[PDB]
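Colleague: Next come the chains, spelled out residue by residue.
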Amino acid sequence: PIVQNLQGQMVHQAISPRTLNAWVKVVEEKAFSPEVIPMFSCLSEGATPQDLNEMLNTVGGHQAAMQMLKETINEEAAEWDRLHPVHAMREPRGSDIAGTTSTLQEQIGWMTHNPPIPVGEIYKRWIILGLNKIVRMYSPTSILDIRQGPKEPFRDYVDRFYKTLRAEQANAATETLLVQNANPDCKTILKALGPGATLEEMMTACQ
Amino acid sequence: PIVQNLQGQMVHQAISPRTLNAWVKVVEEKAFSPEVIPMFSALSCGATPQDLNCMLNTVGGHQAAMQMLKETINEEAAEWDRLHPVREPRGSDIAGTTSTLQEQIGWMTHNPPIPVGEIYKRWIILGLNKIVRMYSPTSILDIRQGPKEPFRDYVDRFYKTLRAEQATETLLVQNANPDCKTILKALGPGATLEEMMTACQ
Amino acid sequence: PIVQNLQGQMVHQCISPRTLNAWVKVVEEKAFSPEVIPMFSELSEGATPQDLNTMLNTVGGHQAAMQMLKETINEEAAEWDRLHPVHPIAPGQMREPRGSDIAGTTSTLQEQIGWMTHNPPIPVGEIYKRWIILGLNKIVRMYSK
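Chains as they are written, first to last, in my numbering: chain U, 1 to 207; chain Z, 208 to 408; chain C, 409 to 553.
Any given hint could be a false lead.
To be verified - Label-pair ranges, simulated between beta-carbon atoms: (1) C:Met418 x U:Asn53: 39 to 47 angstroms; (2) Z:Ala238 x U:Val86: 16 to 24 angstroms; (3) U:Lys133 x Z:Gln309: 38 to 46 angstroms; (4) Z:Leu333 x C:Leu517: 26 to 34 angstroms; (5) Z:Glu376 x C:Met418: 38 to 46 angstroms; (6) U:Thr141 x Z:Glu236: 19 to 27 angstroms.
As the list claims (entries may be wrong) - Short derived list, chain U residues pointing at chain Z, Cβ under 7 angstroms: (7) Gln4; (8) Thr19; (9) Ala22; (10) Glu35; (11) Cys42; (12) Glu45; (13) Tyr162; (14) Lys163.
No lab work stands behind these hints, which were simulated from the structure alone.
All residues carry an ideal CB built from backbone N, CA and C; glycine is no exception.
Based on the provided sequences and hints, a complete structural model is requested.
Modeller: This is how it looks when you write it as structure tokens:
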């Protein structure tokens with residue numbers, strides 16, 4: 001992260017043990033449930049590429065999934081190279097933004113430049129793209145297999161439905177499916193409500 | 208959690224892991240009890256729209272409630288744009304969806320300030336209110352004192368329910384049991400709750 | 409709460425999640441045992457009216473007690489207005505707070521900080537906390553069998 005040391009030196013912070021332990025705990029406890037993605041995005045707020053890499057390396061397993069993330073970042077690193085030639089301090093290449101071929105001081109220089117070249121935020125975007133892919137991969141159940149049970153309260157079914165939806169996705173189609181997958185009685189009610197009904201109204205109707 | 212006690216620029220302190228985890232846990236543990244609303248409003252003290260979104264997005268379970276919340280946020284964003292056709296922040300900027308952290312800081316710390324964090328928090332609370340009302344297990348009309356229920360316990364259930372539908376104490380007296388009702392009728396209007404609870408003790 | 413910064417000025421600080429959690433747990437676990445009151449007094453050091461309301465509002469159960477507390481606050485607010493009426497001038501000093509301002513219902517956070525950090529300070533947090541403690545005393549007495 002960034003701070004103004006002494007007069008205003010623009011130096012890199014630590015990442016706190018509390019932050020790192022909270023992150024390690026989330027990963028160990030929640031697997032790759034979709035909520036892990038916003039949590040990462042908040043725990044890494046203002047992070048340099050080096051910090052982001054530290055967080056990712058401190059994971060403790062999940063195999064080549066990271067390697068899958070590594071592949072995605074390489075693709076984006078290649079895309080960065082396509083979009084960032086030697087334009088008309090240096091200009092960052094894909095490997096520089098990913099923290100592989102840039103120095104901490106260069107990263108800070110880019111991030112603290114006027115205008116600032118947000119290499120940390122661009123790298124974070126690529127990491128999130130990879131994590132999103134992982135989450136969709138690790139999704140245990142298809143949205144089409146969320147069907148309301150014969151005796152299941154509508155609210156519980158909608159909870160299951162949107163949990164799964166979040167995993168699968170990271171729309172008219174979806175609400176149409178939500179109604180289609182309800183049980184006979186509640187489906188009858190939902191169909192009776194007509195077009196444009198909000199989720200609030202749907203939940204109210206089958207309560 | 209935003210403060211400016213830095214140096215060159217305002218310091219948005221990345222919302223603490225303690226804060227984020229406390230909010231997630233409250234929601235998981237308390238379902239949508241009405242005390243969730245003050246708790247949220249306190250946990251998000253001075254928080255920027257980014258921080259608010261963090262809080263909401265970290266909520267693993269109860270996705271049904273969150274979507275409802277997402278709908279309410281979208282409604283309020285649309286209403287904002289309708290009332291304020293416009294840099295000046297639009298509905299989606301206030302919700303942190305189409306604004307950058309730096310823009311959010313700029314608006315919040317501007318002179319005059321555009322308190323986008325407080326506006327967004329207000330919209331979220333509007334949505335949470337609707338959810339809490341939804342999740343109220345009992346109607347006020349169904350709260351009547353049992354023949355062997357202590358009046359204190361009945362009052363506890365009565366005001367728990369009332370809090371839930373986020374009116375009159377006349378219902379409180381009308382639904383009390385015959386003996387206690389007789390005494391409360393005699394105490395009149397303008398008897399305090401202390402006096403009423405004493406009388407039926 | 410209000411706190412002293414690194415240069416000894418009075419500033420607003422957000423109520424910590426440890427403080428919030430401690431208070432909620434005390435109330436749940438001690439119910440309205442007498443020891444609730446000293447704990448409240450410790451937990452609310454430097455609290456604004458808004459902070460005091462937060463603490464009261466975060467209590468989930470015991471809604472009979474909390475309603476009694478609201479009645480006691482209203483009584484004390486009325487008494488304040490009777491005894492301290494508001495005196496169109498702000499050269500850097502604020503308005504006189506009325507009962508509802510001290511209770512945090514009709515005052516803004518900014519106004520509360522202004523009063524509390526003035527020289528001399530107008531102790532709206534301490535005044536409100538007095539009223540609250542008065543109410544809690546009544547509740548403790550009533551709940552004692």
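Colleague: For every hint, state whether the structure bears it out.
Modeller: Against the structure, the hints come out as follows:
1. At about 42 angstroms, the beta-carbon gap between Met418 (chain C) and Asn53 (chain U) stays in the expected band of 39 to 47 angstroms.
2. Between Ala238 (chain Z) and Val86 (chain U) the Cβ separation comes to about 58 angstroms, which falls outside the hinted range of 16 to 24 angstroms.
3. In this structure the supplied range 38 to 46 angstroms is violated for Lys133 (chain U) paired with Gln309 (chain Z), their Cβ-Cβ distance being about 28 angstroms.
4. The supplied range of 26 to 34 angstroms is broken by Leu333 (chain Z) and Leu517 (chain C), whose beta-carbon atoms lie about 20 angstroms from each other.
5. One distance hint, 38 to 46 angstroms for the beta-carbon pair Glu376 (chain Z) and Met418 (chain C), holds here, with the actual separation near 41 angstroms.
6. Distance hint check: the CB atoms of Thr141 (chain U) and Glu236 (chain Z) are about 25 angstroms apart, consistent with the given range 19 to 27 angstroms.
7. With a least beta-carbon distance of about 4 angstroms to chain Z, the hint placing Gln4 (chain U) at the interface is held under the 7 angstroms criterion.
8. At its closest, the beta carbon of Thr19 (chain U) sits 6 angstroms from a beta carbon of chain Z; the interface hint therefore holds under the 7 angstroms criterion.
9. Evaluation of the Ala22 (chain U) hint against chain Z yields a held restraint, the C-beta minimum of about 4 angstroms falling below 7 angstroms.
10. A cut of 7 angstroms between beta carbons decides the hint on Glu35 (chain U): the least distance to chain Z is about 4 angstroms, and the hint holds.
11. A cut of 7 angstroms between beta carbons decides the hint on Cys42 (chain U): the least distance to chain Z is about 4 angstroms, and the hint holds.
12. The closest approach between the C-beta of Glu45 (chain U) and any C-beta of chain Z is roughly 4 angstroms, which is under the 7 angstroms cut-off, so the hint is satisfied.
13. Below 7 angstroms, beta-carbon pairs count as interface contacts, and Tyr162 (chain U) has one with chain Z at about 4 angstroms; its hint therefore holds.
14. Annotation: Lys163 (chain U) was flagged as interfacial toward chain Z, and the flag holds, the nearest CB pair being 5 angstroms apart, inside 7 angstroms.
Against the hints set out earlier in the document, violations occur for numbers 2, 3 and 4.
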